[PDB]
Every structure is written in structure tokens, then in C-alpha cells.
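Colleague: Use the sequences and the hints to build the structure in full.
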Amino acid sequence: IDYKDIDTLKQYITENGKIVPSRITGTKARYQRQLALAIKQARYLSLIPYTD
Amino acid sequence: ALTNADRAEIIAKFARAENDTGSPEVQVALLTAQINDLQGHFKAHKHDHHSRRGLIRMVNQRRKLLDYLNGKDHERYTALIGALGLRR
Amino acid sequence: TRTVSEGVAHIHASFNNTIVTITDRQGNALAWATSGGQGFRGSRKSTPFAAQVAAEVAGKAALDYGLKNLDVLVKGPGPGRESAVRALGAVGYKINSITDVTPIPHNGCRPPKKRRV
Amino acid sequence: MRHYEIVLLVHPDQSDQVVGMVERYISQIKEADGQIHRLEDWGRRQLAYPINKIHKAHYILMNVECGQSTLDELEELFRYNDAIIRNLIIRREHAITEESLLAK
Amino acid sequence: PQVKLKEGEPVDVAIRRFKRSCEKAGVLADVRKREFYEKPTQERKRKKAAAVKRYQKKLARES
RNA sequence: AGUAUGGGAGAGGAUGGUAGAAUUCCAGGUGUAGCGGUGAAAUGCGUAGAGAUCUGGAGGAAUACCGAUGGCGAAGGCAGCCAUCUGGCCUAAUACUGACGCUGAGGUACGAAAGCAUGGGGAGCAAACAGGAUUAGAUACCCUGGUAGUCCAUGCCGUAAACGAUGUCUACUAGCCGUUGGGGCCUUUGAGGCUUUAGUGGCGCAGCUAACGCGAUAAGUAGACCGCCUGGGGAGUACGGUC
Ligand SMILES: [Mg+2]
Ligand SMILES: [Mg+2]
Ligand SMILES: [Mg+2]
Ligand SMILES: [Mg+2]
Ligand SMILES: [Mg+2]
Ligand SMILES: [Mg+2]
Ligand SMILES: [Mg+2]
Ligand SMILES: [Mg+2]
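Those protein sequence lines, which keep their order, are chains r, o, k, f and u.
Residue numbering for the first sequence is 21 to 72, as defined by the deposited numbering.
Residue numbering for the second sequence is 2 to 89, as defined by the deposited numbering.
Residue numbering for the third sequence is 12 to 128, as defined by the deposited numbering.
Residue numbering for the fourth sequence is 1 to 104, as defined by the deposited numbering.
Residue numbering for the fifth sequence is 2 to 64, as defined by the deposited numbering.
Hint data in this document are derived by calculation from the structure and do not stem from the laboratory.
For each residue, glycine too, the CB sits at the ideal point set by N, CA and C.
Warning: the hint list may mix true and false statements.
Unchecked claim - Using 30 Å as the maximum straight-line C-alpha spacing, the simulated DSBU-like pairs for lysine-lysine come out as follows:
{"hint": "1", "chain 1": "k", "residue 1": "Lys125", "chain 2": "u", "residue 2": "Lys54"}
{"hint": "2", "chain 1": "f", "residue 1": "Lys53", "chain 2": "r", "residue 2": "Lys60"}
{"hint": "3", "chain 1": "r", "residue 1": "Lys38", "chain 2": "u", "residue 2": "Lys49"}
{"hint": "4", "chain 1": "u", "residue 1": "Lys5", "chain 2": "r", "residue 2": "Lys38"}
{"hint": "5", "chain 1": "f", "residue 1": "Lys56", "chain 2": "u", "residue 2": "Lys5"}
{"hint": "6", "chain 1": "u", "residue 1": "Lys58", "chain 2": "r", "residue 2": "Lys48"}
{"hint": "7", "chain 1": "u", "residue 1": "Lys5", "chain 2": "r", "residue 2": "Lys30"}
{"hint": "8", "chain 1": "r", "residue 1": "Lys30", "chain 2": "f", "residue 2": "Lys104"}
{"hint": "9", "chain 1": "u", "residue 1": "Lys7", "chain 2": "k", "residue 2": "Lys86"}
{"hint": "10", "chain 1": "k", "residue 1": "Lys86", "chain 2": "u", "residue 2": "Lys25"}
Claimed, not checked - Pairwise CB distance ranges (calculated):
{"hint": "11", "chain 1": "k", "residue 1": "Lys79", "chain 2": "f", "residue 2": "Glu40", "range": "44 to 54 Å"}
{"hint": "12", "chain 1": "r", "residue 1": "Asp72", "chain 2": "u", "residue 2": "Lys20", "range": "13 to 23 Å"}
{"hint": "13", "chain 1": "r", "residue 1": "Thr28", "chain 2": "o", "residue 2": "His50", "range": "37 to 47 Å"}
{"hint": "14", "chain 1": "r", "residue 1": "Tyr64", "chain 2": "u", "residue 2": "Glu63", "range": "39 to 49 Å"}
{"hint": "15", "chain 1": "f", "residue 1": "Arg91", "chain 2": "u", "residue 2": "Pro41", "range": "28 to 38 Å"}
{"hint": "16", "chain 1": "f", "residue 1": "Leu77", "chain 2": "o", "residue 2": "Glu10", "range": "35 to 45 Å"}
Unchecked claim - For the chain u half of the interface with chain k, some residues (derived, Cβ under 8 Å), not all of them:
{"hint": "17", "residue": "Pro2"}
{"hint": "18", "residue": "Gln3"}
{"hint": "19", "residue": "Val4"}
{"hint": "20", "residue": "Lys5"}
{"hint": "21", "residue": "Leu6"}
{"hint": "22", "residue": "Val12"}
{"hint": "23", "residue": "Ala15"}
{"hint": "24", "residue": "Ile16"}
{"hint": "25", "residue": "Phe19"}
{"hint": "26", "residue": "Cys23"}
{"hint": "27", "residue": "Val28"}
{"hint": "28", "residue": "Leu29"}
{"hint": "29", "residue": "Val32"}
{"hint": "30", "residue": "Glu36"}
{"hint": "31", "residue": "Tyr38"}
{"hint": "32", "residue": "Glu39"}
Modeller: Okay, here's the thing in C-alpha cells:
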């Protein structure tokens, strides 16, 4: 996962903007870790909202 | 930070036999080079205790290898210390 | 005198008290009501009954400005959170939406000590 | 030398001069030696949230392969250029040349 | 959040929907959590107790 | 036991930069009778315009969600993101040294929080302190404020229920179920099924145990070395010595 794949990044984010836990989705541990890093990078780059 | 080329150069300089990478001379030469290199890093990061632990580990291994070489043969030990510029 | 058609109701529900304020967009205040100022002083202050009392009083005060569609913003815990919106809807306003705007720090300041009670 | 990926947000008003600044950066990298592996301009975008009281931003992406001195120079250039808000520099291994998503 | 009213949505049903959305979000939980400062040791204790309890729940369901 | 080469995961350590939420404070816009707090009150704040709402500024500290009986580190302990310097670990096939090992009295290095010295910083919290309640008394538990400290830089201090209350290293002794990082094989409907290795958990045979319980992460069966114990108080105390 990269910070530029906004569609998949949004596929794991709740409406409020919070990251969805791995248990609910079934994603693996390493995949979840890279997903979180990519989401944080996108939030910094203002490609996805931090909150709200 | 030593590179693969630098380590290969040290190995070539101190190798007793062709493809020799485990001899005491080669091991001590590599450890001496690494210890000398890390002094610059430890000059600017004096509070890096976690890395200084590994540096001390390298020092202890070099001491043990030198003692073993000296025990087995004195001439090799003397030549090695002369080449590597080590007091003991 | 001034007439505004659109307004926003802020409901500061809390453990001890609830506060209702009507503000025209851009946040300029028009009317406001509180539970403490409408009786129920003491433990009664936190009940939703005081909340709906304050909500109706604030709405009746605000009707003078002729605003008929209302947006609702809610922050904080405490009883009377839904009683206020129920009273505002009963008064005759058209509630456009209800949103939660309660602040959440991302581990900022140290909270106070736990009470040994 | 190493591989770096640079994302730059430029103020929308000064989007006209972006071609010049990027050209200067490429010229400096080539003068040092370096390698320009990737380059795109995503255009102007609606910010997810305001940055410095602005709601729009021009977006530029680069993959470069240069040395420490050149990297440091790029850093203070980005820092001091007021047209550049929100620069980001990621480290990478290997050079990626494939066209990126969000290109257009 | 952002519970936009429909053309004919009753106020009571809208309030019910808002309650359900807030409950799903869990906003009230954070406000309750931050009311007082809890010690790190107590935090680890709670998390370990929760770990044990959910492992026991999973074992009971599997059985 | 160690060395060279290819890959992998990680809040391992040091330095610098930077992002968003929130508390406090300072101004201004609207608006005018309360706010705050408790079991109930009161102290306190506010008509000299508080609280609420909006806008613009100053500064300090910590990083929601991800987050996990998860991960890393000898221990203490490590959490936003980016760059630089840097230590260890895991994994595969080759190629080398040839016992180069284990433990360790003295000695030395590191070592939570509080505390000490110099300079800076100071939002929030808060020992001491002040007032308000409760009480027969209240040196407290509750409430309103609040200093040192908590923060940064350079040193000292050597202490914790610093705990798994279980010293380090080594070989062997039924099984069943999870999970983290790798290797290998087989299916296809794109992810799965079997193995094996190094960690981390839940049961359990034999064996052990006063009992509780442990049980391949032993407190079982054996070897090497070190530290420690000899009824409860007096006492980790006095004297002498070192720091
Ligand atoms: Mg309190
Ligand atoms: Mg520092
Ligand atoms: Mg000793
Ligand atoms: Mg020390
Ligand atoms: Mg002791
Ligand atoms: Mg501990
Ligand atoms: Mg002990
Ligand atoms: Mg003594």
C-alpha cells in the first residue's frame, strides 16, 4: 500500500475518519501496519482528512 | 561505514589462503577496521549506550581471537599486531 | 428588529448543567437559556426535564426573529441531550440535522486525578 | 547515491511559475550528476483541510537519485521558497519508473 | 454524525438514528475515559484482564 | 563456537525538522442573567458584562483512532510523521578458522520514580500551603486556588513488590489448541492445506511437590560455575571504614 492509493485508503477508514481495526476487516498484521503508515502519510499530505 | 569493497580489500590483504574468510587474521583485521570506524560516530553521539554495548562486544571478541592466535603461534600474533598497529 | 431565516442551536450538555444558545450563521448570538436560571436548582439541574424547559424557553425567545429552519450542534455528555432537540422540534422549528461536535484531544494535557470517594 | 521521492504543494496563485522552479531543480540535479527517475504534475487540487488559510494546492511529484549534499540543498531551497508549502521527502530503494496513480 | 433529515422524517426517528450513529462512533466513550487520569500500571492491568476475558470467551464459543 | 556473501520484521538507541486535535491565556464581534462545583452545600468566578458562540493571535506539553495473550531491547525501558548516524535479531545455500568454549571471587559499565548542583522554560497536573465543607474532634478522604516538581542542556545520586518473589549455560522426556517473523511442499479461482525454525500464550500424560501447583518457556531427569540461608525480635540497627 502507498499513500497515493486513496481509494483503498478510504476503504479502511470510518466516516469520522478513524482507522478501522484489523479484527473487523480480517486484514493481516503486516498489511494493517503498512495501511496505517500510508494513511498517516496521506493525512500529512492532505489527501484525506485527519478527522470529521 | 565500511562498504563491501572495503571489507573485500581487507580480506584480500590479510587472507592466508585463497577464499579464506574465517581465519583469525582476517577476523581481527575486520574487527579493528570496524572499531576504528565507529570512533567518529561515538564522538558525536556520546550518549548512545545501546550502540556502545555492541562496540564493546566487538572489542572483547578481538581480544579473545588475539589471545587464541598468540597461544597457537607467536610469530603470527607478532606479525598481526605489527600490521594492525595494536599494542597487544 | 433584525430578521434571519436560518439559525443554529448549540446545546452544551454537561453532567451538572445544560445550556442552549441560538446563533445566526457566522455564530452571532440571538437568544439563550439555561436550566439553572429556570428553577431546578440543585440535583434537579441535570435532569432532562430542566433541559427541555430551557430548550422551549430559548426557542420561544428566538421566535421573535422569524427563523423557521434550524441546525443543531451538540457537544458534551449528560442527561437532557435529546430532550433539548425534542423540545426544539416541538416548538415548530425544522431541524435540518443533528451533529456531535464534542472535542476530543489526541493525548494532550494531563487529566485531573481520580477521586477517592 | 540514494533514491528519494519528493511531493510538493505549491500555492495555487503562483502555479504559473511551477514549470520554472522544477526546471531549475532538474538543472541543479543534473549539474551535480544525479538521475531524474520520475516527474509528474497532478494539477491543482481541493485540499482535504485548509493549510495556511488556503483551500487549493498545486501538486508535484518527483523521483530523484542524488547525493547527501544535493539532498540537503533541495531541503533548504524548499524551506525558503514561499511558493512551496507542505513538501515531503521519502527515502526509497530502487528507482520506480511506472506511471503513478492519481496522475490525471 | 451528519444525520441529514429526510423530507418527512419524524423528529423522534431522527433522534433515534442520531443515537445509533453516536453509539456506533463511540464518542461518549472517549469523553468518559478522559474524565480522570489513570496510572500506566492500571491501564496495563485492565488490558491484560480484557485479553484473558476475550480468550476465555473465544474458548467457550469454540467448545 | 566464530567469519564473508543474498534477503526480512521491528515504539532498539542518538540528533534535527515538521503535522493535526485539544487545554490555558490575550484581544475583538454578538448577547445578558447567571456560571462553576457537591451526596447536599459552601469557597470561588460574573452587571466594571461572566458562562455560551464566532474570529484573530501567544506559548508549553503529549501523540486519539491503528493497538493486539502484538513487537523490540541484557535489564531499566521503548508510541504521531520525515531525514541523518548507529547496535542487535531472524532467515537460505554455499565457502572458510579449527575447541578459538561455559561460568565467574575481586573489578568495571548501565541502571524506573523521587531527590541534589548550574542555566533556561513553564500550558495542564500537582507534594507544601491557603480558604470552604463533613465530623465530637479533621492536620485527612470531598470542593475552590496553588508553590517546588513534572519539561530542556550538562553532571551527580545507585535506590524499588528493580517480580516470573523462579541465576547463567548445556543434552534428554506423551500429546492438543492459538498467535508473531522466516524457510519448504501441494492446491487452484486467488486465497488456502500441510510441514519445519526462532519467539509469545492456553490446557495436559508421566515425573516432581507439605499443599497450592509446575509440567519442552519444568519447579521433571542429569552435568559445569557462581550468589545466597540457618527460630522470631534487637537490626540492615550501633561502632569502624569507603563512596
Ligand atoms: Mg474536581
Ligand atoms: Mg537531546
Ligand atoms: Mg561480583
Ligand atoms: Mg550513570
Ligand atoms: Mg534491594
Ligand atoms: Mg519493571
Ligand atoms: Mg528479590
Ligand atoms: Mg546503615
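Colleague: If a hint holds in the structure, say so; if it does not, say that too.
Modeller: To see whether the hints hold, each was checked on the structure:
For the given pair, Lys125(k) sits about 25 Å from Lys54(u) by alpha-carbon distance, which is consistent with the 30 Å threshold. For a cut-off of 30 Å, the pair hint linking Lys53(f) to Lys60(r) stands: about 22 Å separates their Cα positions. Among the hinted pairs, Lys38(r) with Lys49(u) is consistent with the structure: their alpha-carbon atoms are about 24 Å apart, no more than 30 Å. Distance restraint check for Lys5(u) and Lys38(r): the Cα-Cα separation of roughly 21 Å lies within the 30 Å cut-off, and the hinted pair is therefore satisfied.
Distance hint between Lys56(f) and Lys5(u) is fulfilled; the C-alpha atoms sit about 27 Å from each other, no more than 30 Å. Distance hint between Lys58(u) and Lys48(r) is fulfilled; the C-alpha atoms sit about 22 Å from each other, no more than 30 Å. The hinted pair formed by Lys5(u) and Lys30(r) meets the criterion: a straight-line CA distance of about 22 Å does not exceed 30 Å. For the hint pairing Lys30(r) with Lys104(f), the CA-to-CA distance comes to about 19 Å; that is within 30 Å, so the pair holds.
Between the alpha carbons of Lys7(u) and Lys86(k) the distance comes to roughly 23 Å, so the proposed pair stays at or under 30 Å and holds. The suggested pairing of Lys86(k) with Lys25(u) holds, with an alpha-carbon distance near 17 Å, which does not exceed 30 Å. Under the hint 44 to 54 Å, the C-beta atoms of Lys79(k) and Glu40(f), about 51 Å apart, fit the expected range. Separation of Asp72(r) from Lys20(u) is about 20 Å and conforms to the stated range, judged on CB atoms against 13 to 23 Å.
Against the hinted window of 37 to 47 Å, the Cβ-Cβ separation of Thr28(r) and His50(o) comes to about 42 Å, which satisfies the hint. Our hint of 39 to 49 Å for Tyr64(r) and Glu63(u) holds, since their Cβ atoms are close to 42 Å apart. The supplied range of 28 to 38 Å is met by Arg91(f) and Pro41(u), whose beta-carbon atoms lie about 33 Å from each other. Take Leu77(f) and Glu10(o): their Cβ atoms lie about 38 Å apart, and the range 35 to 45 Å holds.
Using the Cβ-Cβ criterion of 8 Å, the hint placing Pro2(u) at the interface with chain k is satisfied: the shortest such distance is roughly 5 Å. At its closest, the beta carbon of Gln3(u) sits 6 Å from a beta carbon of chain k; the interface hint therefore holds under the 8 Å criterion. Taking 8 Å as the C-beta cut-off, the interface hint given for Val4(u) holds, the closest approach to chain k being about 6 Å. For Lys5(u), the interface hint holds, the least distance from its beta-carbon to any beta-carbon of chain k being 5 Å, beneath 8 Å.
With its C-beta approaching chain k no nearer than about 6 Å, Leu6(u) sits inside the 8 Å limit, and its interface hint holds. Look at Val12(u): its Cβ gets to within about 4 Å of chain k, closer than 8 Å, so that hint holds up. Below 8 Å, beta-carbon pairs count as interface contacts, and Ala15(u) has one with chain k at about 7 Å; its hint therefore holds. Checking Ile16(u) against chain k: minimum C-beta separation of about 5 Å stays under 8 Å; hint holds.
Evaluation of the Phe19(u) hint against chain k yields a held restraint, the C-beta minimum of about 5 Å falling below 8 Å. For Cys23(u), the interface hint holds, the least distance from its beta-carbon to any beta-carbon of chain k being 6 Å, beneath 8 Å. Of the supplied interface hints, the one on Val28(u) holds, with its beta-carbon coming within about 5 Å of a beta-carbon of chain k, less than 8 Å. Interface hint status for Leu29(u): upheld, as the beta-carbon distance to the closest one in chain k is roughly 6 Å, under 8 Å.
Taken as an interface hint, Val32(u) checks out: its beta carbon lies about 5 Å from the nearest beta carbon of chain k, inside 8 Å. Nearest Cβ of chain k to the Cβ of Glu36(u): about 7 Å, under the 8 Å cut. The hint holds. Interface restraint check: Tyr38(u) against chain k, minimum CB-CB distance 4 Å, threshold 8 Å, status holds. Satisfaction of the interface hint for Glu39(u) is found here, the shortest Cβ-Cβ separation to chain k being roughly 7 Å, below the 8 Å cut-off.
Violated hints: none; the structure is consistent with every hint.
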